[PDB]
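A single chain, nothing else alongside it, follows as structure tokens in the form deposited without the partner chain.
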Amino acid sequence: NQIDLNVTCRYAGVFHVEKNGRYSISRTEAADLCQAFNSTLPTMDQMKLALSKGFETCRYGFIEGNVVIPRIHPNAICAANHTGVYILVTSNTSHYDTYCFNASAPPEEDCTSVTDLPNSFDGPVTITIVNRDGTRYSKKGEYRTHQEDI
């Protein structure tokens, strides 16, 4: 009864979250996950500003309306060598990572660790935040409000 949430640096408040290091988050779970970080799914405009501050990943994740990958450097294995906010057009499947937006974060690059999941609710799950530098924070709780996600 354990969930790992791997989180990135924030860029203009936007960050990437993956669950157990594999694509495994539904659209409903993504919204709930961001809410647990006192965050929201980013708008396209928010994500484009994050990109302009240095944000890129090699992973599909939800934003409010689309599934995207922010890309600064062309890479043939990430978003078919595209740059900019690459939008996923055609897929059979529904589970990705997510992006989240925290308005209270610093305006540019914030590569400090995340040490809390402030808006998690009471629950039985051991939830571990895992930073890219390995730094961890664990707590017992839950964040999923839809039964189909559990």
Contents of the next structure:
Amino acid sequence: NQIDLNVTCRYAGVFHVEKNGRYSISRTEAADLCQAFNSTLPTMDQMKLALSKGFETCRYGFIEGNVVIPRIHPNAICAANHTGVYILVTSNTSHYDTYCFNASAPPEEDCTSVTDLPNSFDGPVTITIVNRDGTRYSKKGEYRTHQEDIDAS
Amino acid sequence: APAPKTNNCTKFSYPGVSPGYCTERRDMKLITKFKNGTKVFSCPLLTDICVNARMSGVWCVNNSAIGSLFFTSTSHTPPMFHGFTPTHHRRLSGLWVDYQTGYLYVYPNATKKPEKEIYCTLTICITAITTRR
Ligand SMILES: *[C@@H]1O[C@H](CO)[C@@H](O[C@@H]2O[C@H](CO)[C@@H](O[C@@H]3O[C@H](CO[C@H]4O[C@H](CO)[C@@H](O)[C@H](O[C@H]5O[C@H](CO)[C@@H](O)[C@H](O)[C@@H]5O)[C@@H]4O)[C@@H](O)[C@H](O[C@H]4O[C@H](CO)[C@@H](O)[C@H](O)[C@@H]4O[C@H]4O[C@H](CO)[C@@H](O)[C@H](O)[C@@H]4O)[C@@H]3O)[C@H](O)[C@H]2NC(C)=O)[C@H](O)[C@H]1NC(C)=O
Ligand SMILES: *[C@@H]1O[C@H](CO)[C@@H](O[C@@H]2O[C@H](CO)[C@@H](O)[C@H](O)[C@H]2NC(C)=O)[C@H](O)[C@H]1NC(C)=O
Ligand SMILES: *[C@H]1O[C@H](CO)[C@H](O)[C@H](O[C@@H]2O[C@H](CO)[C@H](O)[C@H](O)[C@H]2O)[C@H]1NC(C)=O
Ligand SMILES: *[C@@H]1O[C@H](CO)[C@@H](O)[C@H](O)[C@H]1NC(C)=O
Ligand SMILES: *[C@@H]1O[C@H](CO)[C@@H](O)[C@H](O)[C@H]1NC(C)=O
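Given the form deposited without the partner chain above, what does the protein look like in the form solved in complex with the partner chain?
Then the entire complex follows, led off by the chain already shown.
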């Protein structure tokens, strides 16, 4: 099996992770993914600080306690032309992307390549980090601690 | 030609969705069918809710977007259509979007099962209210 993880630059430590090119991360997998990056699900305050430093996406992703989308510039297909952090009302079983907060990141924008999942563990999956510059970093292992996430493929 | 008939404002909030929140639905409504077999579909708008909100629709054909729609509503008016933006590079085969309404015409040769292969992803976001920290 292969898992591809597309990662953005970090803004006040917050970054966006998309798995396998589609909305595919469960609530339980999201926290495990951030922890494999030595990171945590952001608080809303952390997300708002990231937004003030230049962070926006056009994707829903988990934070602590909610699924959200951060917007700086109005775009009609990203939270329907709104700005700010908007919260998605959703079932707890739906899959999205995830956001993560790294406490050792710089306060501003950090676009250096991410080269490892430092807290991955043993397993059979080839896990590939895909950076904005096109470089990719692969290792064999696992990061999911919930068997339900592994069984759901 | 099919076009929305504006309903009276019946509700002034969106059930279960507060300012600062969005919700998404993937569905479509059959607006009309013609004697020639062509069907006309719409995004699944709730047409009697007058709340300050903005909405996007995306026409999804076999899980690929063909273009997007923008709407707004207010305390004074139900959802109002503000245009379609195509995103497809190939010409559509057996499909045509009416730029005046955002409705999707499906000619009979496009597919035998349009209801299974096509939907609109409709996202409604209830506009945040300005308050103090
Ligand atoms: C099954 O039957 C149904 C019901 O009959 C058919 O449904 C019809 O579908 C066609 C499309 O396939 C629709 O026609 C298109 O309508 C566009 C919108 O028209 C309205 O708005 C404009 C602008 O406000 C008005 O000008 C129009 O006025 C016309 O109609 C009124 C009365 O309704 C008349 O009084 C006028 O004289 C006009 O005739 C409407 O109010 C319209 O923009 C579009 O027109 C373009 O395409 C045609 C050729 O297809 C050209 O003649 C025209 O000049 C336009 O050309 C532009 O686009 C083409 C296409 O890319 C380019 O090649 C050109 O260079 C140019 O850029 C067209 O008329 C129609 O509305 C709809 N009818 C109903 C009742 O829903 C189904 O098609 C049929 N199914 C099948 C498989 O046949
Ligand atoms: C969505 O995808 C299906 C599957 O590819 C399309 O079904 C095909 O339609 C063509 C029509 O030209 C037929 O020749 C094929 O035999 C169909 N394949 C299958 C597997 O059914 C369908 O047309 C697509 N829908 C739209 C609206 O594009
Ligand atoms: C002001 O009070 C409001 C409740 O009456 C609310 O808590 C608001 O917080 C903002 O609410 C928005 C939705 O209307 C968004 O969710 C936004 O992210 C959120 O900060 C309060 N405003 C402030 C600036 O604290
Ligand atoms: C609005 O309400 C009136 C009074 O009940 C009704 O007669 C009319 O048909 C409605 N108008 C619209 C545009 O729905
Ligand atoms: C279907 O019908 C439309 C309208 O006449 C035409 O443009 C298209 O080429 C036809 N063929 C297919 C395979 O959709």
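Just so we're on the same page, rigid core means the largest C-alpha set that superposes within 1.5 Å between forms. Positions refer to the first chain, counted from 1. Only residues modelled in both forms are compared.
**Student:** Please look at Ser52, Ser91, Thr115, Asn119 and say which one has a C-alpha shift reaching 2 Å or more between the two forms, core superposed.
**Tutor:** Everything else stays below 2 Å; the exception is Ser91.
**Student:** Let me know the CA shift of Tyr137 between the two forms in Å, rounded to one decimal, core fitted.
**Tutor:** The alpha-carbon displacement, core-superposed, is 0.4 Å.
**Student:** Taking the rigid core as fixed, quantify in angstrom how much the C-alpha of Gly21 shifts between the two forms.
**Tutor:** C-alpha displacement of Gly21 between the two forms: 1.3 Å.
**Student:** Sticking with residues common to both forms, list the runs of three or more in a row where every CA moves 2 angstroms or more between the two forms, core superposed.
**Tutor:** Only this run moves by 2 Å or more: 89-93.
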